[PDB]
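Let me give you the structure first, and then I'll get to my questions.
A single protein chain has been omitted from the complex, and every remaining protein chain is retained in its original position.
Read from first to last, the chains carry the letters A, B and C; within each, the first residue is number 1.
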Amino acid sequence: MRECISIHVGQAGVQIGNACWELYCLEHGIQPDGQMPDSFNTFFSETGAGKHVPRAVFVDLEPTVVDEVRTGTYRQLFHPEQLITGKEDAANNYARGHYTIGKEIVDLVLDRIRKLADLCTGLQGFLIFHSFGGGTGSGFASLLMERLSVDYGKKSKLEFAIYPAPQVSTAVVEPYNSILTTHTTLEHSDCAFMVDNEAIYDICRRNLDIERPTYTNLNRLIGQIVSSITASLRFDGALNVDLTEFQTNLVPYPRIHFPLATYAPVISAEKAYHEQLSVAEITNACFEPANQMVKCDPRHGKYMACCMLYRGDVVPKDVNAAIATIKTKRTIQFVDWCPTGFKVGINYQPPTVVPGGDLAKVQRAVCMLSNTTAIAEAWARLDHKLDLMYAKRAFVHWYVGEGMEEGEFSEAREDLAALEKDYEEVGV
Amino acid sequence: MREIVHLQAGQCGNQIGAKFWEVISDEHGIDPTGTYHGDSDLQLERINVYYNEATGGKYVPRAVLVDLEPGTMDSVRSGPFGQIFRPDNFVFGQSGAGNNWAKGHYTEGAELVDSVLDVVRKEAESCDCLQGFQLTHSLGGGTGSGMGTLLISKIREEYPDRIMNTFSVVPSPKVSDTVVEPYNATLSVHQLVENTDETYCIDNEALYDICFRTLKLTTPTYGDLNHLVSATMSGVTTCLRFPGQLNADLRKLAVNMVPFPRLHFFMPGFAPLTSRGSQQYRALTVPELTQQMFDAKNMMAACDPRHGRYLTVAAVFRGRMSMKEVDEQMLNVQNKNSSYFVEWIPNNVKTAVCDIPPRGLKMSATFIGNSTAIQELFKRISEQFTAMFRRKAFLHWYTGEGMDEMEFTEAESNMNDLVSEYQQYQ
Amino acid sequence: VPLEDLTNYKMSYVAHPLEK
Partner (left out) sequence: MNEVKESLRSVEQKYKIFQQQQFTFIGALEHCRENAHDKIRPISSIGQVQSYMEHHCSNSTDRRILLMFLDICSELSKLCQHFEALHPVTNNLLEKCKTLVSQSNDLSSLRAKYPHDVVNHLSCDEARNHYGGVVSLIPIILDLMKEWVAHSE
């Protein structure tokens, strides 16, 4: 009855979506050729008799990764024209992705979204995958979000952004692109989850003892997190939460809507046998500083709202005992105006492990989403970098020649200053 | 979808282009006959960037050849891999430049540009949409420099929104090759600084040293140096032909590297470079490549990076490797050598990864840097120009074709302004 | 020299068996 539409933009979005869709197929038992040898209607449609097609859209200006997906194994699954490409990419240029190249393809993307929404009856909302530091993943994502907000508005919108790391960073104009896209999407987004690459590298190394991790492993972890998020809609449990109540429980202020995700427990087969994974133990482990997936130290901030999504063989009495112990713990401190800050959801479907992966099979899992004030330090560092580059007016001529004025840079700087001031005021 | 057209001019340009086409045709598994003899379907998925189909399974390179004498054209036509070039793409004159910039740029260029432009326009319109241009020439030549400058001006006048990549050689610091090297070098630089987008500088002393020491080849012939330059070219352009983990095309590199419109001179590098014998006693891994790229002896431009500060560094990796190792190596090299990087710009390193290693190896990388050490080259060129121009030596060969002292003064002023800019951005 | 090169995508997303 309830349906969700996923949109993947850019290389990172396309690859993460590919991983999560193969995980979805494995969980639901649908063969890669589309033939299944009654609860999959949320993500999979029906084509006449015996064929199931996913409800997703893949968008990228460059045709390389989309062509690889079309040629790959999952070609008898995706609709032939649900995959949209172009000729030239944005190439780390927000102006190119926002003004010049995307305006001849946003119309087609919107037409396909409308056609997909026509099929559904109980549409819930959209999930958008992109990256802040990429030209297309910033500009085209902002354009698509503004067009969707204009067209529909009422339906909720959620994002899974890859937050650039403070130290391990790839491109050079990432602060410019991130500042511009944040200033554009602050007024249109509803709740944007945050993950990072260096944090996941550290988690993978320290826990699974893998010397040479890779993007495939990172995308598998992200797909596990997304599946844990959507399990409440996909299956039925003792206490399930939908996509509408997430924003209400996690967003206390109109512009403070930047939570972060956490997953536990993550271990390998060698440590799986010599360990007793209990509800209290995993709940305690989910709070340690060296387990979250955003590179920041939680003792520099205070928690505001925490969402717990237990998954598998879970007992409410020991869940409540673990929550009470965590509340009694003195090292973790909360904000004064939030007497109650816990949302608990339980599902009866144990996590599913992809064969040949680096994740051992378990019985319980905890996915945690936290809204905290520690993001102020990250925003401070990012705008300090922006100011340092913009003092000399470097790399500005590309944006100027593509159709942008320095007024946009000034306005974005002012908006980020205002947001940092809002965080500083709210923290006390 | 992304078509690249290649332009050649002069003796050095023609020879380097022949070697480059040989290497590229080897990469895609195309025999000198003209028929596909590959082994995987990945090789012909993107054969449209550099080749055109014709009749039954015959691929012809999309190249234009320009010269004033039929000598090197006949030599390359009678040599190996000479039966794949289109016979209609050989354009040549009859007189010759004779190491004169004025003759190439004012006298015979006028009668050659019409035909070469007609051919280039036909090749450009043959496709659906272009991506950019490439050019291999010599700054210090007589016909290559003038003809390439005139062509660059014409194309930039006609196609004003496409990238232009030039792979030009530069005068050697120790021993020159022509007496009038600084005049042509200065005029070519003055035109290139304004009519291009990114220029890669290559020397000959660096290639001589590399071929003498790394491969212990006691007979360094131009074939080997041209092969090295072609390998660098392929390493630069490989991302537009094969899938990878983190793609990065030419426009992406241009956006990420050049911060100011006039600071667009790069100097490349390559890795690994090991001998035939000592190859057995070395472990080929990512740390070895990271150690090898950041060295003065492994670069193809005769300059010392220790004398200047790096602005932006772009490294393109090929083969199967982990992103974590690359990230840790780049962070380590940026953190332990903070004295060699500018501070007002953070994250001086851009990384790209492909998945098809070069034939005969397992993993390789290409280094491209934009440093402040080009000021030494430009300062030496300007000093030589002033020293010769004070006595008006060899100048009567230029005024006899249409030149004037004003052009020389303006070119010297432009060099002084550019070197002052590089000095003051330090 | 034989060519034994294949992309990382094809060697990772192999058709896994369907569970019961």
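Simple rule for what comes next: a residue touches a chain if its C-beta (ideal position, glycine included) is under 8 Å from a C-beta of that chain, and two chains touch if they have at least 3 such contacts.
Interface note: of B:57, B:87, B:160 or B:360, the residue touching the hidden chain in the full complex is B:57. Here the missing chain is touched by one residue of A:42, A:73 or A:100, and it is A:73.
Residue-wise, the contact with the chain that is not shown comes from B:41, picked out of B:41, B:88, B:128 or B:343. In the full complex, chain B touches the hidden chain at residues 35-36, 39-41, 44, 56-58.
Contacts to the hidden chain, counted on chain C, fall at residues 14-15, 17. Touching the omitted chain from chain A are residues 32-34, 71, 73, 75-76.
Here, only the chains that are shown with their structure count from here on.
For the pair chain B and chain C, the distance between C-alpha centroids works out to 37 Å. A separation of 27 Å divides the Cα centre of chain A from that of chain C. Between chain A and chain B the centroid-to-centroid distance comes to 42 Å (mean Cα coordinates, whole Å). Looking at chain B, residues 243, 245 sit in touch with two or more other chains. The residues of chain A that reach two or more other chains are 68, 214, listed in rising order. For chain A in complex with chain B, the residues that touch the partner chain are 11, 62-65, 67-68, 87-89, 91-93, 167-174, 197-198, 201, 205, 212-215, 385, 388-389, 391-392, 394-395, 397-398. Across the complex, chain C meets chain A through its residues 7-10, 12-19.
Across the complex, chain A is touched by residues 1-2, 45, 129, 131, 243, 245-247, 249, 251-252, 255-257, 259-261, 312, 322-325, 327-328, 331, 344-348, 350-351 of chain B.
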